[PDB]
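K.L.:
Listed here are the chains, written in short residue letters.
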Amino acid sequence: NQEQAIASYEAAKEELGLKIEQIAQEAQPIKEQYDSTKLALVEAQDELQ
Amino acid sequence: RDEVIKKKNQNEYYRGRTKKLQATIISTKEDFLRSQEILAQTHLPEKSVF
Amino acid sequence: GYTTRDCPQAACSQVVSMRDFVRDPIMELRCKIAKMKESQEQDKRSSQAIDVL
Amino acid sequence: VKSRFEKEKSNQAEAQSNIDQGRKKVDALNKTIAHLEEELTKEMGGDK
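Just so you know, the sequences run in chain order C, X, L and B. Note that PDB author numbering has the first sequence beginning at 776, numbered continuously upward. Note that PDB author numbering has the second sequence beginning at 349, numbered continuously upward. Note that PDB author numbering has the third sequence beginning at 215, numbered continuously upward. Note that PDB author numbering has the fourth sequence beginning at 389, numbered continuously upward.
Hints are computed from structural coordinates only; laboratory data are not their basis. Some hints could be false.
Here are some of the chain X residues that sit facing chain B, going by a computed Cβ distance under 10 Å [stated by the list, open to error]:
no.: 1; residue: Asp350
no.: 2; residue: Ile353
no.: 3; residue: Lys354
no.: 4; residue: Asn357
no.: 5; residue: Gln358
All residues carry an ideal CB built from backbone N, CA and C; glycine is no exception.
Bound-form chain C, shown alone:
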């Protein structure tokens, strides 16, 4: 019974690994868009000053 429990735990672990891989390959566009919109308007404030 502990063997089937640890097997279900390994299944949950690989599911969570696939999930974190998905959210890592999905969050990179958000992060790059954020930093691009940040740097593009900081220079705007600089040229405004």
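Place chains X, L and B on chain C using the hints.
P.N.:
Relative to chain C, chains X, L and B alone:
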């Protein structure tokens, strides 16, 4: 500030895990009440079968 | 529903408009502090129930 | 999104530590069932 808010989120997740542990100990108390029927060796093995 | 409506409470017969109201952060601060204290006391009660069981 | 990523990686590391603890448990149980098989061979169970 990001660190402290993420650690507060982690503490909330730990509180949720504590609630899950509370549910599990409730289930184990139910199992204790179930074994209270036949737990203390109610079916004693035969003495002189050998 | 009415262009000039007084406050529901008494002791103030003057009418109060939208521009008369101001955002006082102390009130919401106190309400959220009370909510945090309630959540903390609930967590404490749950932990005590964990200990006694 | 970074809080989601952090909580996901933290519960992933928690699952990994649980898998390590489970490996410890299964090797301890392998040892104890080897001891029980020795006891059975001494008591003439599967042997007979």
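K.L.:
Hint by hint, note whether the structure agrees.
P.N.:
Tested hints:
1. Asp350: With a minimum Cβ separation of about 8 Å from chain B (threshold 10 Å), the hint on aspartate 350 of chain X holds.
2. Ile353: holds, 8 Å
3. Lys354: holds, 5 Å
4. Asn357: Given a least distance of 6 Å, the restraint on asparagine 357 of chain X holds.
5. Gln358: holds, 7 Å
The structure fails none of the hints (numbered hints given earlier).
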